Amino acid sequence: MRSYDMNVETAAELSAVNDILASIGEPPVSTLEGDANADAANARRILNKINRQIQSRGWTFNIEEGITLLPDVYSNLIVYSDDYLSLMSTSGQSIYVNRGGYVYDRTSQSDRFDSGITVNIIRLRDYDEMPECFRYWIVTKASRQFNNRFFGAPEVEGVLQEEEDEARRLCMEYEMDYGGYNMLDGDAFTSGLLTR
Amino acid sequence: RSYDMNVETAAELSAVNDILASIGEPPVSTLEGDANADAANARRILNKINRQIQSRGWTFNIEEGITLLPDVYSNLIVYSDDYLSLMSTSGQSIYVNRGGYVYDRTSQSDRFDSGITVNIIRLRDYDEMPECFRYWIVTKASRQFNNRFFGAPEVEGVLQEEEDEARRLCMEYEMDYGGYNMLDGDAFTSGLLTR
Amino acid sequence: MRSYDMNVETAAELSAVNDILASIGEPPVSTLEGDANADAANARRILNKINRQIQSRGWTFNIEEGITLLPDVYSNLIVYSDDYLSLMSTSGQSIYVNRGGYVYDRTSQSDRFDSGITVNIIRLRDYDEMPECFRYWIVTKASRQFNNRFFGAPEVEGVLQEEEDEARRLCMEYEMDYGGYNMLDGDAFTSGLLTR
Amino acid sequence: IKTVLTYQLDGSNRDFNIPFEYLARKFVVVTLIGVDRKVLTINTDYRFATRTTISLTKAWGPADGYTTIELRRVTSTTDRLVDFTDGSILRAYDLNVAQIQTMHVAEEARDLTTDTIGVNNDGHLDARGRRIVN
Amino acid sequence: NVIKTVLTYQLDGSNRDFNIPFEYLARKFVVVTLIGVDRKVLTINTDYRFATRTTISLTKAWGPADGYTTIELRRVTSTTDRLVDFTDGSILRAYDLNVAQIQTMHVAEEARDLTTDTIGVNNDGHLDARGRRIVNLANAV
Amino acid sequence: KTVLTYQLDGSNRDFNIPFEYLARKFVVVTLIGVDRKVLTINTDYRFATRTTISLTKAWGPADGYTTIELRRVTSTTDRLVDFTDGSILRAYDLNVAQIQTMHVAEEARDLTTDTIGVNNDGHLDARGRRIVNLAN
Amino acid sequence: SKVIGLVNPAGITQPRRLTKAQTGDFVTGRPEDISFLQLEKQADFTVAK
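Chains as they are written, first to last, in my numbering: chain A, -11 to 184; chain E, 251 to 445; chain G, -11 to 184; chain U, 435 to 568; chain B, 332 to 472; chain Z, 167 to 302; chain Y, 98 to 146.
Everything labelled a hint here was simulated from the structure, so no lab data went into it. One or more of the hints may lead you astray.
[What the hints assert, rightly or not] Calculated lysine to any residue pairs in the SDA-like style (CA-CA distance at most 25 Å, straight line):
no.	chain 1	residue 1	chain 2	residue 2
1	U	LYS460	E	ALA261
2	Z	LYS191	Z	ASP280
3	Y	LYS117	E	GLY429
4	U	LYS492	G	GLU(-3)
5	Y	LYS99	E	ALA285
6	Y	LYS99	A	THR178
7	E	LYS298	E	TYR323
8	U	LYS436	U	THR501
9	Z	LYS191	Z	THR243
10	Y	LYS99	A	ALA176
11	Y	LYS117	G	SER179
12	Z	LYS167	Z	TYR231
13	U	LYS460	A	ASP99
14	Z	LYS167	U	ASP549
15	U	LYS460	G	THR48
16	B	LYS359	B	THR374
17	U	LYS436	Z	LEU246
18	Z	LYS167	Z	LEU255
19	Z	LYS223	Z	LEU246
20	Z	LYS191	Z	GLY252
21	B	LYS391	A	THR48
22	U	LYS472	U	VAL508
23	U	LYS492	U	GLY445
24	U	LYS472	U	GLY499
25	G	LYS37	G	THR48
26	U	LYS436	Z	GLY283
27	U	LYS460	A	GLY89
28	Y	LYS99	A	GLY168
29	U	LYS472	E	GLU378
30	U	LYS460	U	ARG481
[Stated by the list, open to error] Facing chain A, according to a computed beta carbon distance under 10 Å, are these residues of chain Y, among others:
no.	residue
31	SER98
32	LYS99
33	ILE101
34	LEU103
[What the hints assert, rightly or not] Pair by pair, the computed Cβ-Cβ distance ranges are:
no.	chain 1	residue 1	chain 2	residue 2	range
35	A	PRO16	G	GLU143	23 to 29 Å
36	E	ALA285	B	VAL333	47 to 53 Å
37	Z	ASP248	A	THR56	48 to 54 Å
38	E	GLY349	B	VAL333	36 to 42 Å
39	B	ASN376	Z	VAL194	55 to 61 Å
40	G	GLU143	Z	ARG245	46 to 52 Å
Here a beta-carbon is modelled for each residue, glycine too, at the ideal position from N, C-alpha and C.
The task is simple: from the sequences and hints, build the whole structure.
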């Protein structure tokens, strides 16, 4: 699992942590570098956990379709990184699983590939790379879980529950606007049915 | 922090820290030494929940047509403790566990000249689970850890909501992975579709 | 009634007792050997009780159909052991009861048999011999009863009530998947009706 | 002293001793060597009868197709047993375990001679009946 | 057994993005070399780019027409120059302890994965030369 | 490099050891003759300086041993730095703790390269040895 | 004309069991968990027609 605390702090990640800290009434921190601040370290850990969780759900902007994963030419192994939040087939039933940290074809019972496989994959991205609406939802959900675990204030719980629902709604609006899905001509089955 | 690093952390230690964070406790740096009851309890529950969710049965983890070879001399097939589910490939299952060995209840025999083919679920590591399934295991483990070793009832309601969402996202993973179709993917209707 | 505490502990039975102990927040024990631990001894007794109770309910995997019980050639008695959780006839109304620890034919009013009888029998099995889902249900039900009897925590009672229902549900899913029951061609009556 | 050692296989035996020190049980890898190489699983194929021995659940031998068993220590490099967290009490046990885990990988690093050609008494390069590819 | 610090991919002449599975402390610790008739090492900013922390993007597509069948991604962590050096007056930090441990692990890991720089057994029971010449074999008998 | 040799027929004892070592037990001195002789420290060689080893006796090619090998073998089991709680954490001890593993890794990079290695041309440089028992 | 089976992810019915089943098979599940996407345009359909 990718280390969240081992790289440079971005402005957005520092802002995200300060937003999470504010949810229980903690004052903002100037830097994310270790100053023995347990609350900030707890906030960043939940921020990473929520960042992985919402990205793993799958969205049009973050689902990579038709990606080729290449094997090692001398070991014929394709690595299944822990940063692969979801690995699927491009169509039909999926056949690839994680076995020992490498891609495994469960139908053929083999982990050896002579050529790249084409998969529908979600790869973990930085919180900085998320759309603004998705960043807000991640922070809102992280703030809600942060308050639940380390403060537990019931009044804060109720408001953050409402804010997450609104934040998820606005991410749902982003998903459809980005998606541009059409059931007539953008549909896999119906589009063929419209030919006269 | 200088340098643009790319490093990982152990997922089990991260999972345990998520379980400990759920009840408000500081994370631990390590999970060995056998002298930490929090580490022992959280790790045990995480293994218990990981084992239990895998035993439910999913398209990615139900291995179909697996051959289990008998011993060449005793003709016994070991029924492993790590066999979360063992069933026949089709119809009614006929194999049960009898004294740690596969037993054919219909023929009443532990002896097998050749390997049998079964629909088997074999325990996998928490590392080999999909991210959504890792999240559900951790959330479910955090829920029972609070119920057994913290006991705060406001935490219970929160973790009940989280696990319900954690299971729903796992259910969406099952359908996306399964890719099931009732017209052509169906075992029975596909035959009815021939003209 | 089989003694639960007189044999060597298995790893699964050690795991089960510690899971039951965890339900009220008791720390795990290294062994089930006598250390004057009343809680662990109580947990094992409830574990055995729940193990007998769920197995006696009857499932495709543990219901043995067509089993022959042989009599003693010189006494013509077939023993009705306490490990026979259920003893039925293969079809129709059952005729065999327990009378003095031996099989008794209530219709013929005799306990003497010149040859083996064919019965539908449930025989007690080790908790180690249970399917994984059934082991989880046994532990969940044992943990619920353990808390009710020896701690009585009402918050723990509610959660284990929900856990047992989910545990029983997944055991019902196992039993249907294991059974593979069909009402068309696997049906005793309807399959005859399908012949043209 | 060696982190990798091999035992000959007979149908009689199921117990094999571990000479080396391992931090975790998953660091020990059990493999059957014959015409085919097969990695064994922690519980279905074997177990840890004690800390220093492995008991196979099934006996193996020439009939099964494997004449030798290999007990190898593979300490994890990516998954580290110690990760120092900010605001955590710095314990000497954490520092020692982090030092031992890198030691174990480096100790296995000086045992690649078994997975290499090796030299003869004459000083040649002895491929133990193995093809050279690429 | 299987090397995790050296990754080599087939060059098709049209793909320019290659995955980095292994951890690394610095981008300089990642060495990109094209293999073929010769082994040509690439430069950090003129021959390739770090598109993401796990992805290397080549500026130009290389293939057998260019004389390069494979591309190699290998971690070479510095042994003489440690990224973390503790001083008598410095606050001990979790990040500093993590980096010091991980660098030592990577140096040990690169040593344990040195079957690449020799003839070692691959996944199969075959000694692998990994696409390089066994020079100076001279006469055989 | 962790392995280096000196061949000195004339009367000489001093050998400047190139590799850095943490303990004197890590440096092992052997005589490469018809059969190798492992030499104990007290009887055979003194550390006149941390950089220089003064091997008692000539041990020249007049005897069969000819050249002398200076090998570094860092002990994996024994750790020079063992952290204990209640002891002042020293920057020296934190630094040396990493170094011992690095020294073992350095010794590993030479043991594997000894039997067969890779030259500066990116090719596997044989020493003029036939590939015997090779299977087709 | 498109048939889309909507499976409730909060439910307990698995299309893995539904598709592999034969006719007459007994399967765990609830009919409420399985639904189908339906075009709800009848009011507009009547106006257009």
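### 25 Å Cα cutoff - pair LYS359/B, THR374/B
holds (10 Å)
### Message
Hint check: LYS37/G vs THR48/G, CA-CA at most 25 Å. Holds or violated?
### Response
holds (21 Å)
### Task
Please work out if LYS191/Z and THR243/Z have their alpha carbons no farther apart than 25 Å.
holds (13 Å)
### Query
Between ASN376/B and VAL194/Z, does the beta-carbon spacing fit 55 to 61 Å?
violated (46 Å)
#### Entry: 25 Å limit on alpha-carbon distance, applied to hinted pair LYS436/U and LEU246/Z
With a Cα-Cα distance of about 21 Å, the restraint between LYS436/U and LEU246/Z holds, given a limit of 25 Å.
### Message
Between the alpha carbons of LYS492/U and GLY445/U, is the straight-line distance 25 Å or under?
### Response
holds (9 Å)
### Query
Are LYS99/Y and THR178/A close enough, with their CA atoms no more than 25 Å apart?
Holds. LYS99/Y to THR178/A sits at ~7 Å (cutoff 25 Å).
### Task
Sort out whether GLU(-3)/G lies within 25 Å of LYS492/U, counting only the CA atoms.
holds (21 Å)
### Query
Does the structure keep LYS99/Y and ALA285/E at a Cα separation of 25 Å or less?
violated (60 Å)
### Message
Need the status of pair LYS117/Y, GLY429/E: alpha-carbon distance at most 25 Å?
### Response
The hint holds at about 13 Å.
### Message
Just to be careful, I want the Cα atoms of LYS99/Y and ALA176/A compared with a cutoff of 25 Å; is the pair within it?
### Response
holds (10 Å)
### Task
Answer holds if the nearest beta-carbon of chain A is closer than 10 Å to that of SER98/Y; otherwise answer violated.
Since chain A brings a Cβ to about 6 Å from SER98/Y, closer than 10 Å, the hint holds.
Of the numbered hints listed earlier, those contradicted by the structure are 5, 7, 15, 18, 19, 20, 21, 34, 35, 36, 39.
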